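Take the given structure of chain C and dock chains P, W, H, B, A and E to it, following the hints.
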Amino acid sequence: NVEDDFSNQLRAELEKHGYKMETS
Amino acid sequence: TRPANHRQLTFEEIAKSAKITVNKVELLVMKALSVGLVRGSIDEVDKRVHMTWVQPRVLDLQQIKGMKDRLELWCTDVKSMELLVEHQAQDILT
Amino acid sequence: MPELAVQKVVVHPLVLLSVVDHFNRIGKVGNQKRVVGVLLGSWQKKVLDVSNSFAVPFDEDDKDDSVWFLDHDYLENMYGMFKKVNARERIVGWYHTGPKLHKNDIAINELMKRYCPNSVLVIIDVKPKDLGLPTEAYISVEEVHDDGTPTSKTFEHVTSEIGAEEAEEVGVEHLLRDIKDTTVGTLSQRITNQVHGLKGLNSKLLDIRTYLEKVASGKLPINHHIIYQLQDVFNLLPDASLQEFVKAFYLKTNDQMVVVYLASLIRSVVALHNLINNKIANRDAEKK
Amino acid sequence: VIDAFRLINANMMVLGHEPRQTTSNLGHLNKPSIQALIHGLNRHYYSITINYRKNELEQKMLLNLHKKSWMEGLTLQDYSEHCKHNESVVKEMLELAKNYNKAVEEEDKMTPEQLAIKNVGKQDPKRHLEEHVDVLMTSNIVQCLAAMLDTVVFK
Amino acid sequence: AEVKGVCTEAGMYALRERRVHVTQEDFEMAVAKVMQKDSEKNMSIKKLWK
Amino acid sequence: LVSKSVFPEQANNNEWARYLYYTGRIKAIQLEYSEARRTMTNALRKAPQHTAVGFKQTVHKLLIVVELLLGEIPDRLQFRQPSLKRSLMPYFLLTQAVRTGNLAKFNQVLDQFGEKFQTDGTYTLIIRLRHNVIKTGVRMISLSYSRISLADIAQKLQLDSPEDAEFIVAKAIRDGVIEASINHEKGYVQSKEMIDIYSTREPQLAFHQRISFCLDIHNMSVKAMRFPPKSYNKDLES
Amino acid sequence: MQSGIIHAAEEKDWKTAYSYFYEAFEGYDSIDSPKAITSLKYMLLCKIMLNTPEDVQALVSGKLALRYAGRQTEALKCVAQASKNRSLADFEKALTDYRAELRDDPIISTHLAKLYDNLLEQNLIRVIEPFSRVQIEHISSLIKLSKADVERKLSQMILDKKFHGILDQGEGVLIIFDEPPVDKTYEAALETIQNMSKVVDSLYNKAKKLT
Numbered sequence: 047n048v049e050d051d052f053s054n055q056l057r058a059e060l061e062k063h064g065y066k067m068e069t070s
Numbered sequence: 283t284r285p286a287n288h289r290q291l292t293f294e295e296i297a298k299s300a301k302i303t304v305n306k307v308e309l310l311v312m313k314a315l316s317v318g319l320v321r322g323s324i325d326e327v328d329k330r331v332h333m334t335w336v337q338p339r340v341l342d343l344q345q346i347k348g349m350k351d352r353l354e355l356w357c358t359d360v361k362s363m364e365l366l367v368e369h370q371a372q373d374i375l376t
Numbered sequence: 001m002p003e004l005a006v007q008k009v010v011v012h013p014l015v016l017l018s019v020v021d022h023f024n025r026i027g028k029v030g031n032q033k034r035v036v037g038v039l040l041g042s043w044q045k046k047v048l049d050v051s052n053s054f055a056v057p058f059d060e061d062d063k064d065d066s067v068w069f070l071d072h073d074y075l076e077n078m079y080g081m082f083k084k085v086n087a088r089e090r091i092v093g094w095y096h097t098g099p100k101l102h103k104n105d106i107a108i109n110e111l112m113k114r115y116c117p118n119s120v121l122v123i124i125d126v127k128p129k130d131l132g133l134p135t136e137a138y139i140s141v142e143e144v145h146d153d154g155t156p157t158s159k160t161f162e163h164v165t166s167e168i169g170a171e172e173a174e175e176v177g178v179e180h181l182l183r184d185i186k187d188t189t190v191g192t193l194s195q196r197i198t199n200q201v202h203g204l205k206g207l208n209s210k211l212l213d214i215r216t217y218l219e220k221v222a223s224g225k226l227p228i229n230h231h232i233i234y235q236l237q238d239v240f241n242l243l244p245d246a247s248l249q250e251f252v253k254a255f256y257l258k259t260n261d262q263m264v265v266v267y268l269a270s271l272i273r274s275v276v277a278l279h280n281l282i283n284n285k286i287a288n289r290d291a292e293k294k
Numbered sequence: 156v157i158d159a160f161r162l163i164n165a166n167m168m169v170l171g172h173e174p175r176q177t178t179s180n181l182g183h184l185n186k187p188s189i190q191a192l193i194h195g196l197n198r199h200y201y202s203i204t205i206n207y208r209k210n211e212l213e214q215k216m217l218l219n220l221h222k223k224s225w226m227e228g229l230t231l232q233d234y235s236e237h238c239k240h241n242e243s244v245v246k247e248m249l250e251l252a253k254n255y256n257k258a259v260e261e262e263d264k265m266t267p268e269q270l271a272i273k274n275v276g277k278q279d280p281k282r283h284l285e286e287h288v289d290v291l292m293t294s295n296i297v298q299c300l301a302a303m304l305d306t307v308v309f310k
Numbered sequence: 357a358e359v360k361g362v363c364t365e366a367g368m369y370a371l372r373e374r375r376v377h378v379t380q381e382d383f384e385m386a387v388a389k390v391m392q393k394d395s396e397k398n399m400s401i402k403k404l405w406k
Numbered sequence: 266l267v268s269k270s271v272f273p274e275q276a277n278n279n280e281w282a283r284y285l286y287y288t289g290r291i292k293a294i295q296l297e298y299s300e301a302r303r304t305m306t307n308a309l310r311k312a313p314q315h316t317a318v319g320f321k322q323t324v325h326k327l328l329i330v331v332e333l334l335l336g337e338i339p340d341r342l343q344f345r346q347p348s349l350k351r352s353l354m355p356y357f358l359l360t361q362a363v364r365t366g367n368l369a370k371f372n373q374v375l376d377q378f379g380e381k382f383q384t385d386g387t388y389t390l391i392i393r394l395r396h397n398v399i400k401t402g403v404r405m406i407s408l409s410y411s412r413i414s415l416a417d418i419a420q421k422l423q424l425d426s427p428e429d430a431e432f433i434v435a436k437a438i439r440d441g442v443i444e445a446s447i448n449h450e451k452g453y454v455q456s457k458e459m460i461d462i463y464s465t466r467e468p469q470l471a472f473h474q475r476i477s478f479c480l481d482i483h484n485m486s487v488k489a490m491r492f493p494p495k496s497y498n499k500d501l502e503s
Numbered sequence: 212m213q214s215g216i217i218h219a220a221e222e223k224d225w226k227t228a229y230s231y232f233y234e235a236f237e238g239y240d241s242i243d244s245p246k247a248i249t250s251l252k253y254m255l256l257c258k259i260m261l262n263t264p265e266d267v268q269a270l271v272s273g274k275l276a277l278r279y280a281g282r283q284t285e286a287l288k289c290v291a292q293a294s295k296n297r298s299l300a301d302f303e304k305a306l307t308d309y310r311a312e313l314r315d316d317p318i319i320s321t322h323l324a325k326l327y328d329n330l331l332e333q334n335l336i337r338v339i340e341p342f343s344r345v346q347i348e349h350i351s352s353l354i355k356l357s358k359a360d361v362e363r364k365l366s367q368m369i370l371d372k373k374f375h376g377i378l379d380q381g382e383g384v385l386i387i388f389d390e391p392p393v394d395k396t397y398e399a400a401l402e403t404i405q406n407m408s409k410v411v412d413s414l415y416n417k418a419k420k421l422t
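Chains as they are written, first to last, in the UniProt record's numbering: chain C, 47 to 70; chain P, 283 to 376; chain W, 1 to 146, 153 to 294; chain H, 156 to 310; chain B, 357 to 406; chain A, 266 to 503; chain E, 212 to 422.
Chain C extracted, bound-state conformation:
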């Protein structure tokens, strides 16, 4: 389809760290 892999690795690690602070 579209190339989900390039985008997910960078997004998953980074976003998750901010999300930790933001929400449980």
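Keep in mind the hints are simulated off the structure, nothing from the lab.
Don't be surprised by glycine CBs; every beta carbon is placed ideally from N, CA and C.
Careful: at least some of the hints might be erroneous.
Claimed, not checked - Calculated cross-link-like contacts (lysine-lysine; reagent style DSS-like; alpha-carbon spacing at most 27 Å):
no.: 1; chain 1: P; residue 1: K350; chain 2: H; residue 2: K222
no.: 2; chain 1: W; residue 1: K28; chain 2: H; residue 2: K223
no.: 3; chain 1: W; residue 1: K33; chain 2: W; residue 2: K127
no.: 4; chain 1: W; residue 1: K210; chain 2: H; residue 2: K223
no.: 5; chain 1: W; residue 1: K100; chain 2: P; residue 2: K347
no.: 6; chain 1: E; residue 1: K372; chain 2: E; residue 2: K358
What the hints assert, rightly or not - Pair ranges (Cβ atoms, derived):
no.: 7; chain 1: P; residue 1: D342; chain 2: W; residue 2: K83; range: 36 to 44 Å
no.: 8; chain 1: A; residue 1: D429; chain 2: E; residue 2: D371; range: 45 to 53 Å
no.: 9; chain 1: P; residue 1: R284; chain 2: W; residue 2: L4; range: 40 to 48 Å
no.: 10; chain 1: W; residue 1: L212; chain 2: E; residue 2: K373; range: 57 to 65 Å
no.: 11; chain 1: B; residue 1: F383; chain 2: E; residue 2: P341; range: 39 to 47 Å
no.: 12; chain 1: E; residue 1: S272; chain 2: P; residue 2: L310; range: 34 to 42 Å
no.: 13; chain 1: E; residue 1: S272; chain 2: P; residue 2: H332; range: 52 to 60 Å
For chains P, W, H, B, A and E alone, coordinates are given in the frame of chain C:
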């Protein structure tokens, strides 16, 4: 009367006609399913009686008239269908 | 005497054949009259295989019931004679020559019980009709009636089938200008069976229907059986529902095609060359 | 296999008298069991012609099978049974499938004995897999077709 | 014949332990079991097979 | 012209391919994408010709815009195999844009590229390709979730207004491809649909389409098998 | 007999351990060693670990196996019976009095942890069978074990597809689905169709020659 054409009927009319309570009318009706005088279920989730089959009371003149006109409609149906089945797969049928 | 000892009835092609012939053979006695014969065959077997039949003189009135003639002599001489050749074959009973079951039949049956060790009523519908079978089997049952007098003699139907020995089947093919008809076979036959079923169903419904008109007005009795059957149709209310399909058929022919082509490639050289040879071949043959 | 003999003496064959007497015959010769039978036949009167007296009324009696075809054409079985049939066939088809791959890849051979060993030509996956698709298709059609026909008509 | 007898004896041990692969343990017991056959060959001053 | 034409059924294989391609461009203009895609694909296999080499690039280029409109969004793999990936290349971007379903990407890409597209015969169609992109966005919003706010959708697809999302959603339901309800007053889209293919009369339909493609394949395999032997039979062999 | 202790306990091949104890047990009776008594006790320990509580009970008889029976055999017979009935509560109370005997043997000690978990799973399916939309708390009471432990176990079971359901932590209820409509006809059909795709690939390669 009502079961035949469409299966279900309300149980509320039958209890009031009995003039005896709801908790004891069910009892006789269950006994009737058991012997096989009538077949079907009592659904108390909606308080209606769903009859699968009804006994035809015997030696009544009126009932014979009733079945005859129905039977003629079935006969038509067989003929109508039979022309279609032969139309397609006629090459195969020979 | 034994009539109750038969669940299933099987008939050879011979019996169906034999009856039509007997009708003429007696000196052409028919119309109102019928022709009966003996049935020879097995008994003490749950399956009744009727082996043969041979002609018997008979005059029937089926519009009266206080006159019939039945040849006494033939039955007895024939049962006595037959033991030496076949100890199992005994007089199995008698065939009635249509058009349907009568109450007129109980009377004739009774005599046959006395004479013959066994009897059975096989009803062959008249002179040759139909693609399928025209025989029905009946056994005389004794029942109580809860409104009249206990011990009444009536006829209850039993399953009718066919069946015959190997040599006989082989004979049928030789004589005949085909082999047999439909009951189920090939891809074509199954579909015919479906169409055969509809014309057949339709006939059964007419019997009931014409009867009701006659019971309502013209005062034929009201029986619990007829009424029970009719009511059920309305009650059961069948509901159309999913399933039963497959798509496999295409892959198989495709697979076979690749191989079929390799064969045509080798074939081509010979097939192509042969065409010329044929025209010339005809000239040579005529010359020499 | 039926033959007819009047039966006349040996000398009549030997002289060649016996064909003068037979006239108004066609004759025929078959061999159920070897030279010994042929010799026995020749001594007798050989096969004198058998004709048949037959017609269409007699022919129709022999034709028959079942009027019971009436009930059977309409009949269809329990749905659980429809499923049993479909399952048994698909399961079967899996087994043969593995050979089929080889079959289509090869089968240059056209010589029946060599083909048989090479690409499991005898116990062929093509013959059987086709045979299988064809039973399953026809079986499903008649059962399905009947269920639907009955529904409309009875009600 | 004795050397091959090590692998062969090993298989009996793998079933017994209920393994699917013939482990090192199977081999330890096998050398010692094969050594007893050798000892018998020597005692008798004739071959085992007959 | 087409209405007055009659193609013989005993025409040869090159003749059929040329006819089919050319007919395919014509029905595509009329609003008949379904028959247009099938006719173009089959032409290439039917006749591998040296004439055929000039045609192929056009056939694939035209074919892709033609697919997107029907309502299939083609996968990546198809681009890769005929090794003509480069010819296909500006097209490939238009495809990635539909699977994401975002409007904004489509308009920009299609414009710069549009000049090239004029050549194949694509120009008439080109405008309509706008609507497919959103139609794919609407199908994903309804299918995936139950309720998401109208404002969240407006931002995601990049529509002009939250208001604009309502009107488009409202039309799509009428066509009946989406199978949802939009609640204008409540501020969300409700998913009325559930993902299934065994529930209604529908497993039968699912069989119907599968079986249907097959009937054609069967008829072709069997007839074709017989076909060399038909000439041998004529050549007088048994 | 010594081989079983090692096998059962560490490796968890309870079958292999059992077969070894049975070899000792047979040998031992002929002399009538006291060692025989011990060996019988171990066989029972191994089958209960497999969680076939039935065999443990059946093999101990008042016959032959009453002369190789002990105190251990009596504690083993009850915990099995408790496991067969699907009540955790009975096994747990029973286990308190017996614990001294259990501790001396390492084989049982390790085996008890898994057997405990097994007891929870079987007890759980029993509760789940007639129910639908049942409170978790109701389930926690029937099992008579702590609520959290139950939620966790419940989730594992869904995954394994033991009854298949969905646990709603937002409402205090467990959603039970029951009596699959999944048919064998469909499942069998899936295997075959994957083999078909392979045949077509091989066919096409041969196809090229023909063209």
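| Which hints, by number, does the structure contradict? | Violated hints: 2, 7, 11, 12; rest satisfied.
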